[PDB]
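Chemist: So the chains spell out like this:
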Amino acid sequence: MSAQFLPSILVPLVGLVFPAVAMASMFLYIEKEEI
Amino acid sequence: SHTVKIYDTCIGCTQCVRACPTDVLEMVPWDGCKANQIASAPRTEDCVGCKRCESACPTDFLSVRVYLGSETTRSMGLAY
Amino acid sequence: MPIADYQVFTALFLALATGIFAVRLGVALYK
Amino acid sequence: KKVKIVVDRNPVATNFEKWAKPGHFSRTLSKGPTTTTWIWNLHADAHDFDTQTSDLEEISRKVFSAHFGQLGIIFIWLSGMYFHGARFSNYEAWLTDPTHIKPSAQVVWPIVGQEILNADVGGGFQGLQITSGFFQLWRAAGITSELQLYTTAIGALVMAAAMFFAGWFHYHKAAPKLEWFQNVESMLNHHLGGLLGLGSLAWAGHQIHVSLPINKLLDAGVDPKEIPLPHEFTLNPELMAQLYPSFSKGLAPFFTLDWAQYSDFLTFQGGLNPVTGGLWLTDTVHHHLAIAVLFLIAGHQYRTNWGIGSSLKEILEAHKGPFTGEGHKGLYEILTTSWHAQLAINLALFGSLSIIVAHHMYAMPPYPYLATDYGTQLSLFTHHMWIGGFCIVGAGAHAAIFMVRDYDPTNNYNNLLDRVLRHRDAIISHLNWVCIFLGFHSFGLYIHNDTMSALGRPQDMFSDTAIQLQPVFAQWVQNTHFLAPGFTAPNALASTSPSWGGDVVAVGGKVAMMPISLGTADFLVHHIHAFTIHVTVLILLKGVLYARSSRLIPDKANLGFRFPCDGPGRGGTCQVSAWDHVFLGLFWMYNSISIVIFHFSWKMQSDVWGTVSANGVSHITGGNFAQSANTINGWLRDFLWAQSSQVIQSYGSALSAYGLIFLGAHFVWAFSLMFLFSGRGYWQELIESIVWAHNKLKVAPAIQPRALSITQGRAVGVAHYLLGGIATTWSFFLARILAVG
Amino acid sequence: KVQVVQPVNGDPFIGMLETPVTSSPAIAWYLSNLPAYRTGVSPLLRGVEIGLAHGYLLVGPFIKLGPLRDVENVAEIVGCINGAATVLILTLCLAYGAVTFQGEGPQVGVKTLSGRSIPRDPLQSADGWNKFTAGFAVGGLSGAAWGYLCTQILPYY
Amino acid sequence: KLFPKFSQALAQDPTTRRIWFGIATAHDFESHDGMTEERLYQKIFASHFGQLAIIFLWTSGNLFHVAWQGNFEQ
Amino acid sequence: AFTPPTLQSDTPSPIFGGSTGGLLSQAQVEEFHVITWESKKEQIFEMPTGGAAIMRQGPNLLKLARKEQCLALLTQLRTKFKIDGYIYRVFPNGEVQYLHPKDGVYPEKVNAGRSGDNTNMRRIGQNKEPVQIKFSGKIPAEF
Amino acid sequence: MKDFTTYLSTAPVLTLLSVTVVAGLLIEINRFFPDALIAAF
Amino acid sequence: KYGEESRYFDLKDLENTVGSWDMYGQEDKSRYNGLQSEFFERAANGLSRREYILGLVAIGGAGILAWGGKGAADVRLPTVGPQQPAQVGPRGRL
Ligand code: CLA
Ligand code: CLA
Ligand code: CLA
Ligand code: CLA
Ligand SMILES: CCCCCCCCCCCCCCCC(=O)OC[C@H](COP(=O)(O)OC[C@@H](O)CO)OC(=O)CCCCCCCCCCCCCCC
Ligand code: SF4
Ligand code: SF4
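The listed protein sequences correspond, in order, to chains A, B, C, D, E, F, G, H and I. Note that my numbering numbers the first sequence so that position 14 is 14, with each residue one more than the last. Note that my numbering numbers the second sequence so that position 53 is 53, with each residue one more than the last. Note that my numbering numbers the third sequence so that position 25 is 25, with each residue one more than the last. Note that my numbering numbers the fourth sequence so that position 353 is 353, with each residue one more than the last. Note that my numbering numbers the fifth sequence so that position 56 is 56, with each residue one more than the last. Note that my numbering numbers the sixth sequence so that position 67 is 67, with each residue one more than the last. Note that my numbering numbers the seventh sequence so that position 86 is 86, with each residue one more than the last. Note that my numbering numbers the eighth sequence so that position 37 is 37, with each residue one more than the last. Note that my numbering numbers the ninth sequence so that position 19 is 19, with each residue one more than the last.
Pulled out of the complex, with its shape left as it was, chain A reads as follows:
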């Protein structure tokens, strides 16, 4: 496939960075007291 390096960067981004960021943001938002 063209640009074999792309999956090695996108898979961890969508499975590790994006989920951690999304969970942290959701946790901080669902307990804001004043949204």
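Honestly, the hints are just simulated from the structure, not real lab data.
Derived DSS-like pairs: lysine-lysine, alpha-carbon spacing no greater than 27 Å straight-line:
| id | chain 1 | residue 1 | chain 2 | residue 2 |
| --- | --- | --- | --- | --- |
| 1 | F | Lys43 | G | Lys134 |
| 2 | A | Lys32 | C | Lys31 |
| 3 | D | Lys173 | H | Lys2 |
| 4 | C | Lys31 | F | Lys43 |
| 5 | D | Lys320 | E | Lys1 |
| 6 | E | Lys1 | D | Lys313 |
| 7 | E | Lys111 | I | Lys12 |
| 8 | G | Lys134 | F | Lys5 |
Non-contacting residues of chain D with respect to chain G, defined by C-beta distances greater than 12 Å in every case (computed):
| id | residue |
| --- | --- |
| 9 | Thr35 |
| 10 | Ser65 |
| 11 | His100 |
| 12 | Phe265 |
| 13 | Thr267 |
| 14 | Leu294 |
| 15 | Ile356 |
| 16 | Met452 |
| 17 | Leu636 |
| 18 | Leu686 |
| 19 | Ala715 |
| 20 | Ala727 |
Here a beta-carbon is modelled for each residue, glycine too, at the ideal position from N, C-alpha and C.
Put chains B, C, D, E, F, G, H and I with the ligands on the given structure of chain A with help from the hints.
Modeler: Chains B, C, D, E, F, G, H and I with the ligands alone, transformed into the frame defined by chain A:
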């Protein structure tokens, strides 16, 4: 905080009041039944929703109804 | 003729723009 | 004061007046069957004597008579077993060839092609292969002939009639008073020595004068029809001396304290008999004599009508320490006035004993030609395991019942029960944590192995080849037992069981017993067993400890022991009673026992049972347990899928019945799901529509049909779930073992 | 005649009991001398100590059980793994601090077992948790770094 | 404790249920606080547009993955 | 002529050895309840939190978490020892609010002078249809 | 005697006796007329 | 609480009647050495702000991407390594 309602079909048997485990209902004077008393729910904030009052009502249909609504620290029966 | 790397990069950029439009629609729906 | 026989004359009249009035025992069942719920309530409270009356004397009398009736039923069952073994069996032929003829004691009639179930067991006989082990028991007892079995069956019928008469006599003629039942000291003294001790001594006597000579001749090789009759050995010291020379001296050595002379028939060898594959009958005789003496001595500790003896109340009240405040005070009053507490203790120890029996019986086969009978071994082990599990769950249920009805705070102040009830939160929280830790470190290991195997990384698994989890403690104990003879047991010629190690004991070309090596798979399965047992204990203990009150419901005791809930308030109180805790504990017990029996079956088929061909041992499954039991996929494929081919291919043969039940059980189990995932409202409304249809045609019944109560729905669901699962395992086990054993 | 189990601070209507496991003199001293129970010590220093200990004890597991445990470069890979774990539990501490401390309220006072009034732990504050979280990062990363050095040094190992 | 922006009653729940029910009742626009018929229809219309865009993106992703790492030509 | 009786802090508590089912951290930041009764003798009773306590001869005070626990204890005292008690609600700030015997007369007995709160003058089936009150944060029972 | 006959007339006793009689009749029908796949008259 | 006898309730000392005790806390400012404490508080100077401390966590996110694009290949991960031959399939397929 559940919604407790009393209807004119009540006969004033006072069974629902005795069956309440959180003291939510009480008997007040009335003139629509032979007992000359009607049930009331002045402290609905303390109602947990056990529906014990409905299991004791002998009228058909029930004269006392509990509609579960927004849950609070008291309605959920939480001691922690 | 397999797709080249530049094509993948262009597709990813267009997807980024589409995602921006999607987040804008989501924000509008939240309001 | 003073233990005596106190009885009331003619308390209940004998007539059929109450037989025509169903529901006479209950006061709430007097308004008649207005709805169908009355019919179910009639059976759900038939044996709940605590509700039928408030007098403890009447309850005790009812329990005594019920016990007599149960004894009569058991005697009828025993009589049927002996009669079938004497008229519809091949026991006589099996005696001449116990290694090739398969025991059979049931014959079916030819009605709708079912005669195919009459298998060719052997000895010119056709019937159903039995796995109860009655043939081995009878052989160990020296039955030899079928006339003796018929005589035993008739005697059992007479005993059943005597038991029923005893129950009727003690309930309608001479009913014991309450003070008679509360004689725990006298009851224990009689049950220890007069029952267990005397029974063991009598059995030892029979074994000495009947089992030893007949079995010795059978083992040496003599036709069963040529062996002398039991009375010819019991009343003739000359022949018995010909078989056992120590008998030429009579009873003189016993009274002169020169017991060594009796070493020929009172040995302490060990291991198993190489001819029959079972324990040495002389060793069993010595064991029974020793335990009989021990029990007889133990039956003299409690005080009765004389000064000598100990007092249960005095001993209990004297055991108090700094960590338990008052101690065991009040326990005597609880165990002498509450039948449920005694039932709980007895059921717990009784079930534990049944489990111990299953273990000791497969480890050390006590009957001749029993170890080589793989079907009988597996059947006995599984049956006793299930009985033990059920009894334990019942023990928890009755403990909760006592805590709900017979508990009295004024009598249990600062004692063991009160202190336990005052810190139930800590107990439950710690048990919950240990259950979670065990579940993780036990099941997650299997999941990790599955993931590694699927990812192509077998070197990262928890196996004997990669990360090893050797059970060093179990292996050490096993080797210690193997080295016990001549060291920590000088008078022992061999170990208790060949499983500890040593040579292979094979009978008739089949392995009767051999060392059982423990590896990583054994470690994993043992931790799985510990985890399941802990979860079951957590459920039962939580129900017993919170049966009275809880933070959610402070007056749970007022609602009773068996109630569906406390409404949808507080988020939901569904299944909050103790009965519901027992309902869930039943499922967890089923899961635990199922895993236990699966482990036993696979381990014996892969590392014990097999054939000897002068070149090694050819196990049934080839030893795939040590390399596949570390993953769930291995259990599903190498055990469930591989061993199920025997039951799914039994159609058209004698084992076809096992193939039918195997499916039928699968149905019942699934049927249970209907009652487990549903509610009462849906069925009540559906019944309303059906009732309208009936009313439209003037065929509506007066006994208003009602949906099963919430508690009844749960009971039906759990009963069907366990029946289906247990029957499925039963059919699978029996078909597999009867086709490859 | 001695009763080693007493109600918590003599009050028998509080969901707690005093046992030789909770009220033991040595156990109480050791538990009270931990960095978490230091009302008078700066939260940053306590966080540094906690992070150092946790980061150091967190290398071992991956060293002897990681996917690359059978390779000479296992120590480095594990040092990085512990650093990642420390950073993860770091963001966990930050999220907990941002959610827990976001408002103020006239809370009830705090006293000792004897009845001596003491101020609330500064760690239970918006700025107190932030300082504690920052110290945990420096200490946690340092502990993981020291874990790799110990592998290279330590003549026995 | 005010995440269920569409349900003021759920926001007052001090238990974890507030979060649970806060996600299971997000699409029940008719039961949200201060909801009218016009706003309900407009929200549904916009949600339909979002769903259509999601379907188009899914199809585009399938095509892109087949053309990038597949063997369609072979 | 009834006035809510004030809560005396000098009332001794029943003899109890302690338990893990007592007050937690909710009573420090939310609220708790107090039940005070009068006993004619020192006797053993069952506590709603588990275990057995001994009520002294005279005034007794017991602090619990939920109001249901206090009411359950009161029910036990009324149906077992024929003892009448009073329940109060205490907040962390220090406010005491009278509860259960609101007007000195038990709720099961009519007192003539109470509030007839939540009492509809219709039948259960005479409520408004759910479609007639759509787009309104109210149930048919509140009309 | 009246009470005994009344007990024998109860729903469970009558149900078991009726089921036993029906099962016995069917078993004997299949014993004397076996393998009746169709109604050959 | 004024628990001088059997009274565990006190409105004037309601703080002690709700079990609000530290149990193990102890205030003491004499422990960590001044020279070592200064070093650590100095190292974690500006890292006490939510935005700045999150930045340190963001570095971990960059390391994750760095591992996939470089770290995974340097540890010779099987997924980033090569492949050997292949199979045909059940029938005449590929
Ligand atoms: C819904 C369609 C869809 C789906 C299910 C997938 C799924 C996948 N993609 Mg892909 N992708 C898509 C669309 C999709 N893609 C489109 C339209 C493009 C063109 C720009 C790409 C370009 C792309 C590349 C370059 C790569 C992947 C890769 C992957 C694989 C790993 C995911 C990853 O980390 O990459 C990240 C994916 C992206 C950065 C772009 C995807 C954006 C889509 C459209 C978001 C859709 C969100 C959805 C509609 C809303 C659902 C809600 C949900 C988020 C909770 C994975 C199997 C990687 C791979 O090949 O693995 C070996 C890889 O390197 N995709
Ligand atoms: C013909 C003899 C006879 C007669 C006329 C009576 C008559 C009476 N008995 Mg009695 N009893 C008898 C024998 C008799 N009994 C025997 C032998 C025992 C010892 C077990 C008892 C023990 C006994 C007790 C403990 C009690 C009575 C009671 C009673 C009175 C009402 C209960 C009743 O009978 O309901 C009807 C009972 C039945 C119709 C049968 C009961 C169910 C049987 C035993 C089940 C057998 C199991 C069977 C194998 C099926 C299980 C498996 C199956 C699923 C295949 C009644 C006047 C009760 C009483 O006094 O009322 C307060 C009382 O509690 N009896
Ligand atoms: C040496 C005296 C003796 C013996 C042998 C027994 C034996 C037995 N008792 Mg018993 N008991 C005794 C003394 C004795 N008891 C005394 C002194 C008291 C008063 C404190 C009691 C009070 C008592 C109660 C309350 C109960 C028993 C029960 C039982 C049976 C338990 C069933 C079992 O698992 O055993 C195995 C079963 C057998 C071995 C069946 C064979 C039965 C033979 C005939 C033994 C009969 C022994 C008997 C005492 C002989 C005297 C009776 C005579 C007047 C005809 C069992 C047969 C329980 C029971 O099931 O009720 C029947 C039960 O509920 N006992
Ligand atoms: C010595 C053993 C023993 C004894 C004497 C008792 C005695 C008692 N139990 Mg108990 N129990 C036991 C063991 C025992 N139990 C065990 C082992 C368990 C675990 C399963 C339980 C769990 C249990 C519960 C949960 C409850 C009791 C209850 C009771 C009381 C009322 C029983 C009753 O009349 O209900 C009626 C009896 C029946 C309806 C018999 C039905 C038999 C089952 C449902 C059918 C099973 C099928 C069978 C295996 C055959 C299948 C073939 C089929 C296809 C035909 C009673 C005093 C009840 C109670 O309220 O206590 C006060 C209560 O709810 N028990
Ligand atoms: C693997 C062992 C299998 C058992 C599981 C152990 C886990 C259970 C842990 C729960 C502990 C709860 C504490 C209760 C606290 C408690 O009960 O109060 C303390 C208790 C009370 O004793 P008293 O002084 O009151 O004694 C007066 C008594 O007569 C009245 O109870 O004394 C004990 O210490 C009991 C021992 C508990 C510890 C049991 C462990 C025993 C070790 C056995 C080791 C076996 C293997 C090694 C052999 C070589
Ligand atoms: S639902 Fe329960 S708490 Fe509410 S009024 Fe009825 S009985 Fe009282
Ligand atoms: S139970 Fe029903 S009839 Fe009786 S007082 Fe209450 S509402 Fe009226």
